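Here's a solo chain for you in structure tokens, the form deposited without this ligand.
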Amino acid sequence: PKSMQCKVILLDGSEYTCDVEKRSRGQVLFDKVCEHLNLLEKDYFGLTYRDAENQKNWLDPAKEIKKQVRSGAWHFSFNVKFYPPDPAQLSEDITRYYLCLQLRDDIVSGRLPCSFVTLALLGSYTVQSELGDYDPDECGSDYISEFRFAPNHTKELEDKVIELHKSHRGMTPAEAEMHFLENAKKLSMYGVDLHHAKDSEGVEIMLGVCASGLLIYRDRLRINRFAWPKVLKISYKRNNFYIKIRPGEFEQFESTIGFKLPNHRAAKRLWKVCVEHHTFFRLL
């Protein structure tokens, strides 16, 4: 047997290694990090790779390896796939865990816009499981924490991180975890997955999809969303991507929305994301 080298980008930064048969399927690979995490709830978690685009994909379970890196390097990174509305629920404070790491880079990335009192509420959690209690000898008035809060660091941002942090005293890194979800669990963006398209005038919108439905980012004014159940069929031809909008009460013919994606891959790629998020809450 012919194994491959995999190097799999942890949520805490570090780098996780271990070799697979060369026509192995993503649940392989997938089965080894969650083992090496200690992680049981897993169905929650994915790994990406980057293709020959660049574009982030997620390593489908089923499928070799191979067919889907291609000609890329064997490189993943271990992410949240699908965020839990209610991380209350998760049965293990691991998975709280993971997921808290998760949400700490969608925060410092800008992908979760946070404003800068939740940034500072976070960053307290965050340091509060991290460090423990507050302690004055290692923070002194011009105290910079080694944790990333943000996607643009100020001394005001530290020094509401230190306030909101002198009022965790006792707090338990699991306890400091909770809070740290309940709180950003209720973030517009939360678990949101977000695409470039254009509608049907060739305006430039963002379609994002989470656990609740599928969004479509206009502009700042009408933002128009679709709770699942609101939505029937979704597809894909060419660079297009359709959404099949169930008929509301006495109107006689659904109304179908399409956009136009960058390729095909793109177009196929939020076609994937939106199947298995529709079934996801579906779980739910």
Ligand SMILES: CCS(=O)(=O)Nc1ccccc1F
Second form
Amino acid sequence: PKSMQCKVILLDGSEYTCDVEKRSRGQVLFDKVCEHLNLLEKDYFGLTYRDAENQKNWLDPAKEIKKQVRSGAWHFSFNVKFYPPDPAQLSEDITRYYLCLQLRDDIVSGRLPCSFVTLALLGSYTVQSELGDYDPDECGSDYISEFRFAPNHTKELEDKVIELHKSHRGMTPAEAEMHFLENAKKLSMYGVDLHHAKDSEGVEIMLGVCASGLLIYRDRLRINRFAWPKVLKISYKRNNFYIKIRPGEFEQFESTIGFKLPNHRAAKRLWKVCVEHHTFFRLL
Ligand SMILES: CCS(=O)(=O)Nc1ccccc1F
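How about the form deposited with this ligand bound, since we already have the form deposited without this ligand?
Next comes the full complex, and the chain you just saw is listed first.
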């Protein structure tokens, strides 16, 4: 039996190495990574790989790894796929821990925009979780944390993290992580997967995919939202992605909204993430 070496970037930034039989389905590797991580609430997570265009794709657990990575390296990242709207409802602290690590990368990367005060509050919970109670002996008037809190660090931001860290004395890691999540879950881009597209007139929009449905970001003013229940059919054809928007009460016919994606693979990727979000968050 021939085995392939897999490398997986974990959410703490470290590399897990393992081997799977070369005809393995994605679930085989995913199960190995989740066992390594002592993760039981696996449904919220997945592996990503980079395709031949260098685009992030979800590894399909049901399909052969080799038919997905094709010509590319067997290199992956472990990521949150379905961001829970109610992380308090997760059954395990270790699940909430991995969710915090993902969100910290979401913030530092700038995928999850955040006000100054929320950057400092989220940072102060991370510090409390990881160092425990504020100690002045480690931090002088000039202190700068090893922790990455933001896309752009300022001394003002560092000072505000420490001011809020002082307020969290006696807070346990599980408690600070839950507070982190209670704040993060309210951010307008929490759990939003963004896809570049053009509307039916060629105007450049973003389509966001999340628990509450499909969002269409046009021009700061008027952001159109389609709750999942209001979506009967999701389809793609060539470079185009279509949704069927239900007939309102007393309306005779469904309506159709079409989008142009960069290329055929981008249209298919958006369709698959929409179907998966619809399936996952159906009874939300
Ligand atoms: C931990 C639960 S959650 O992910 O916040 N919300 C949810 C998601 C899918 C179905 C039902 C649900 F309640």
